[PDB]
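This report refers to the structure that appears directly beneath it.
FYI, not all chains are in this one, though none of them got moved.
Chain naming follows the written order as A and B, and within any one chain the residues start at number 1.
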Amino acid sequence: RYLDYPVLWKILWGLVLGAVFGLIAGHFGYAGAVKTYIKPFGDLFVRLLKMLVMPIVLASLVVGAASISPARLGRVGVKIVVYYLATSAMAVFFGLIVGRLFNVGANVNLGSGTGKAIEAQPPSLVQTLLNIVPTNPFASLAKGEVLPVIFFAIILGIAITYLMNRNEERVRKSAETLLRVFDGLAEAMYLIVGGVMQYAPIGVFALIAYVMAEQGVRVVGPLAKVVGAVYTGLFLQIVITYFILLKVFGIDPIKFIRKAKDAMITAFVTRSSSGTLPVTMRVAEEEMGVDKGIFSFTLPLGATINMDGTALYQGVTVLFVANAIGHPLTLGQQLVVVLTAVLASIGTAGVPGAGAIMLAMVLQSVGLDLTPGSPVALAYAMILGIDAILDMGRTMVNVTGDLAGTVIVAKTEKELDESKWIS
Amino acid sequence: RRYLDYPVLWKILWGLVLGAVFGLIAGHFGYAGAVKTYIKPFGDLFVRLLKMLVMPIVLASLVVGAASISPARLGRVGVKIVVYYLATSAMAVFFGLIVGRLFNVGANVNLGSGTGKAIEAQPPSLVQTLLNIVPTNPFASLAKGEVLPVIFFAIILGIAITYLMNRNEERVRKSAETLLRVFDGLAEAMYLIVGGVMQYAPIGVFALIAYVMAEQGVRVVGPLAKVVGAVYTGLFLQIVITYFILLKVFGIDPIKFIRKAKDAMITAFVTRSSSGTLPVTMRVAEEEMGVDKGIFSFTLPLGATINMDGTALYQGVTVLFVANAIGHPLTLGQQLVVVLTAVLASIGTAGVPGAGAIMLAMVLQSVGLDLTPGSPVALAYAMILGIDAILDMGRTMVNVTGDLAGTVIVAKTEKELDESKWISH
């Protein structure tokens, strides 16, 4: 008797009601009950999404790479990579701007020196690039490594397309049967995503309630100033960067938002970019009208290697730590911050738990060495106090940038269905 | 070579009885090492051949069955089979307590204990176990052999395929039908391989029962022998009283059910593995009981996972044994708490690895028998574990039998039972 409501209003009601409920319940100390009784529902939602993340990626990408030309796929890849890099750089730049504007960490008033530390910690870039190529596709599937799955699925789709054009008949029949199996699997995955979207309001409610109950009291003082700065920066990235990029390519951005809102809310409430990937892919297919050969490749790669929100988060937090210990970053230092942030988003591709690694590398690039007990470690733990509050918004902005790049590359290659954008 | 020329049913029965007598004779004379070195490998090969098929057959059969059935009908089937499982488990602990008090298990152990109720062993939170039913990676759940997430994913996939095959578009319907045909072929090949392995099954049953009797045959004396007798009488009671009455009230002739299930029964008994017998149990369900895939392809793996009436009866006997051993006999209310906590542990230990010791520890803790090292209750528990395999054979047999009985009952209720298989002449 609950499914009778519109799903969009249901997800919005879930979000707002969970926010207010978690805030009031954490302000009254019953947050444990929220962790005991309310959070399991959001946990169930996130588990249902993670269940679908891998098969949908495999099947959708093999089908899309099959139903497209290799030169087209390479052109799409170069376009989407240039887009991702430009958006990440603009995100770090906006983050530094809003950090210097809010003067984040100015009132922390901590004392620190130049006590250095050596680190050979950055993961080898060559080894990660090699690790893009799996040594066992079944293992990469079981271990949930998305980039090896992308590589294997693209190669398999290209092979299937080359196989269906043979003078022999057995070869064409077998290749077409395989492609039909993969297509049925992908369609079933999208249907199951649509089905799970009915439980999404309860999951959003529970997740936002737990997050607000736990870390709602901690957003005071300089941490509150940082929260305001990061949210202003994310809003700035969205509006300025994404809307300008969309209108330049002649697409209505407000409709883009009305379509992406589902993936936006899901990414925001789950704080997992790759975990929302099924919802983002469904939004690409059955609302925006993007061709499979575009998004089935750009969206997983975007969720993996394109994080504008985290880029802006690092850009603001480095200035916060700098002003906290009393060593504000110079202009050249901020330029180095932007450069090392993009280089860390690229060099930590698929490396597990890279957010702390990326932030440590960004701090190292300017000299802020994360030695235990040091004041910089104190400021970093201060930030990790509100890390989840920031993670919601940064994940939302990451998935939004991914979707914007996908639709832009589709509009360029004329693979975008305009019927869904004219009402 | 010319060994398949005999009926495979008589062959597995002969294997069982000859291996039982052979293991008893070889273990009573101390030659158990030779049996462990030369004879057991064949039973190991049999159990490995059976384990090989468990995952693909379950996945494919359940995807096909959930596809070829209605979602509301499947949910009704789930509710029916779950209430059946719980009622049978409760009756099983009740029978176990009855036969334990009748045999007076543990009376002559004569151990000393006080009221020193020490607390240990934080139980894993139930909510996380319930959530773990939903997989986070189907490929990973397949590789790890986790049965319940595979069940969930397969049900969802079958429902999706059925709803996909009824679309106004035509290409999508063809693709969905191709996928369903792939799963159907995989399942049929798996059942054919189960039938093939059933020809080697006599050697496996012989070797397994021989090894078990050789190892733990000398240890079934005194109070441990009384426990063996009590638990086997209780398992026989559960079979006869509970299962036959449940079948006859629902209008099924129980002797036919037993004569058909005997293959899976013998396999479960000799292998002591429920999920390892699951392929044989499903083939018996299809080609003997006449159950539709949409019923058993869902109820039989879930039953092998979360329905163990034999283990409930085993706990009902062993808790009374330990209580009488340490000299603190269980009251009637304590025995009711035993039954309730045993059913609740069969529910709360769904798919958690190594959950049998967890369940027994929980039932012992629920009455105060706390397993502190060196304590008398731990001593009595190790005394029981001395004959663990001897008891495991029968309890596994009864688990698989209860699973099959529930599946057949729920199938007959949903009209998915083929009555042609039940008419003589």
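Observations on the structure shown:
Throughout what follows, a contact is a pair of C-beta atoms (placed from the backbone, for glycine too) under 8 Å apart; a residue touches a chain by one contact, two chains touch by 3 or more.
A single sequence accounts for all chains of the complex, and while 2 copies are shown, the assembly in the file contains 3.
Basically, only the chains that are shown with their structure count from here on.
Chain A and chain B have centres, each the mean of its CA atoms, that are 45 Å apart. Chain B makes touch with chain A in their complex at residues 127, 131, 134-140, 142-143, 153, 156-157, 160-161, 163-164, 172, 174-176, 178-179, 182.
Chain contact summary for the complex, chain A toward chain B: residues 40, 43-44, 47-48, 50-51, 53-55, 138, 141-144, 177, 180-181, 183-185, 187-188, 191-192, 195.
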